[PDB]
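A lone chain, given as structure tokens: the form deposited in one PDB entry.
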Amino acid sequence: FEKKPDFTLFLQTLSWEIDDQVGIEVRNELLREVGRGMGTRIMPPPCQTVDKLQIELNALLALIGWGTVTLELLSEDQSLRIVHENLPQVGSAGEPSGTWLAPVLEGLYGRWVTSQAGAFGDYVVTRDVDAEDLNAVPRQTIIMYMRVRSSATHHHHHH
């Protein structure tokens, strides 16, 4: 036969449909879940330094051509900063536009750096969405932060 099939247009019209029907919020949660899932299908070994983890992670991202990543350990607060380039673009959906697949990275990365034996054991992944940084960086560049889960206040425990 021939070189295998194209899923952009599909994802283009899928993302549109899902957006049409579901909150920005609902969609993102579905999309993180899918990230977690992706991270359980493919994973790095147990790396001993962030630097090694980075090489390992890029290796994985190259399996599927989903771009490149840099990991900077911000020792001064002990957070981990995830800077990911060329998130695949699937049409104009997402905030900002072109960036719909972003929360998959959140799922994918949280699954990946948590799998890391003991180190970033119970961290959480926030995406950075602050204005100033987003137009310092290109469209498809996504900035995330990995920091340690602070637990809920009881005031919040009301769901």
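Residues that one form lacks are left out of the comparison. Residue numbers count along the first chain shown, from 1. Only the largest set of C-alpha atoms that superpose within 1.5 Å between the two forms is called the rigid core. Compared with the form deposited in another entry:
Superposing the two forms on their core leaves just one of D51, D133, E95, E33 with a Cα displacement of at least 2 Å between the two forms, namely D133. Superposed on the core, the two forms differ at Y123: its CA moves 2 Å or more between the two forms.
A displacement of less than 2 angstroms separates the C-alpha positions of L9 between the two forms, with the rigid core held in common. After superposition on the rigid core, the Cα atom of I24 is displaced by less than 2 Å between the two forms.
Core-superposed comparison between the two forms places the runs of three or more consecutive residues whose CA atoms all shift by 2 angstroms or more at 117 to 124, 131 to 135, 148 to 153, listed in sequence order.
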The other form holds:
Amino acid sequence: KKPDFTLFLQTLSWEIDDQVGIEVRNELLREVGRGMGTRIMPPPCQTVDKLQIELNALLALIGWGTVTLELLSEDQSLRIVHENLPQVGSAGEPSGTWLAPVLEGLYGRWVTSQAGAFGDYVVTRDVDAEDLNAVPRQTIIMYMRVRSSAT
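Now show the form deposited in another entry, given that the preceding structure was the form deposited in one PDB entry.
Coming up is the bare chain, nothing alongside it.
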């Protein structure tokens, strides 16, 4: 009686892909991720550890999984490991991860609101470590250039 949207998103994912292709679809969904991050937001956090907690609490709110943030000192990169991306049928690459670019946008926006970053513009989905590690299907690894920010 509380609405379920799985089936709707399953059919919507198929129709969109069919109509506009992978490239446009990915852009639409990043843009949706960015929009989502302007309706729900972390406070201004001091540490990456504190940000991890603020974000996991936002994810729990909508049941979209969990995330670990690792601050790599080279490229001053941020590794984002997202667990339990919701599944909406077989669409996406790999199959099941159709909603993965939404995360690119959402994290783009959420982290950029921390001021250690350069904007919500580019968050890179790693394909290599998402297929060389034998990472679970709904686990999404991403990378982000950051500034020299700490802890």
